[PDB]
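Here the complex is missing one protein chain, while the rest keep their positions.
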Amino acid sequence: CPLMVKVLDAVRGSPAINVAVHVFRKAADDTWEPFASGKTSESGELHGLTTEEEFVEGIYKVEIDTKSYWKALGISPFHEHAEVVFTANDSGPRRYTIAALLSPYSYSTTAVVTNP
Amino acid sequence: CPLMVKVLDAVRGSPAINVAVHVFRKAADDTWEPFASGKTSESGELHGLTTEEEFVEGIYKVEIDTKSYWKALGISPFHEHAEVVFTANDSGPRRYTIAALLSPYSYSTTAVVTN
Amino acid sequence: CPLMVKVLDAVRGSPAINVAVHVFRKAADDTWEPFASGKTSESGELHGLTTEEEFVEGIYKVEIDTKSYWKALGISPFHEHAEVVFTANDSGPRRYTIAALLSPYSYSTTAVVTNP
Partner (left out) sequence: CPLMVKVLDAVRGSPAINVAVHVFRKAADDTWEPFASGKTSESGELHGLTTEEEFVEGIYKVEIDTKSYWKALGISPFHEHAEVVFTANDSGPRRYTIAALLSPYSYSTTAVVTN
């Protein structure tokens, strides 16, 4: 899969399971078009968001619903979400792994970008 | 100073200077209304973005133009920007420091909320 | 494997390949006994450091040679290494994934700890 989102809970040192992830793609008129969405699995990984055909060049935004995640665990987090906005596939198709490492008042988002 | 944005360069171990930061308040129609912006100073800090009177509860987005910063340094960045979206809670009093640690393919943002 | 070390290069958005990783275990006399070592693979992952039999309770230190890594890429990094010191298996055997996210002047080390 060309786009994978991984979410870790840095409080529990665990995959962040059942985290909603929405992917949007910036349309020609600069709106965010819904591109794909999903939930992280039991491994904190979200696979199959898209395909190599569908995942064309563009600016993509990945909004990870970190607030609902923290809230379901009784935590009032700082952020509404963890975002990742990036140009994808500018110099040809890549595999993107987006790793979000979550704490209630901090997150980090990293891209592991590999050439398939 | 109820809101202060601090930006660090994890590649050079330095303040990320001259980083454009835009703050938006979520408007009733779910759109982002420009609220404040600035450039990080020589200390990587952006003060005076807002005032206590202006900084009411609401959802705020802090957009840090991390891409232009990395471009200015000649390093290919992953992200278009860093985008900190949060609810100002105002169960107070509260100062917000938003620290963004910046690497070309990674960033962290942390809120240090005090007082 | 009960202990896995993953290393990512946050500058290149890539696995940090061929990174030396040394694992020590705190002996009875508070010295660090060499426990295991290895290199991260092409995926930035180091598997097979140890086994469930060998990986008994203890305090373990994982020293990731981040300096040699950065130096081989022409970068003078801040840290000599990325360390992780933790008590392992205190309430029974666990799987530990240690993820180190590396920048020349910053690193983050996260543990994904799962119950096998």
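Order of writing sets the labels: A, B and C. Residues in every chain begin at 1.
We take it that a contact is a pair of C-beta atoms (placed from the backbone, for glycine too) under 8 Å apart; a residue touches a chain by one contact, two chains touch by 3 or more.
Note on the undisplayed chain: of the listed residues A:101, A:111, A:112 or A:113, the one touching it is A:101.
Of the residues in subunit B, those that touch the hidden partner chain are 8, 10, 13-15, 44, 99, 101, 108, 110-114.
In the full complex, subunit A touches the omitted chain through residues 8-14, 78, 101, 103-106, 108.
The set of subunit C residues touching the chain not shown comprises 59, 78-81, 83-87, 101, 103, 105-113.
Rule of thumb we're sticking to: only the chains that are shown with their structure count from here on.
With centres defined as mean CA coordinates, subunit B is found 20 Å away from subunit A. Each chain gets one centre point, the mean of its Cα atoms, and the points for subunit A and subunit C are 25 Å apart.
Averaging C-alpha coordinates per chain places the centre of subunit B 32 Å away from that of subunit C. Counting only residues that touch two or more partner chains, subunit B has 78, 101, 103, 105-106, 108.
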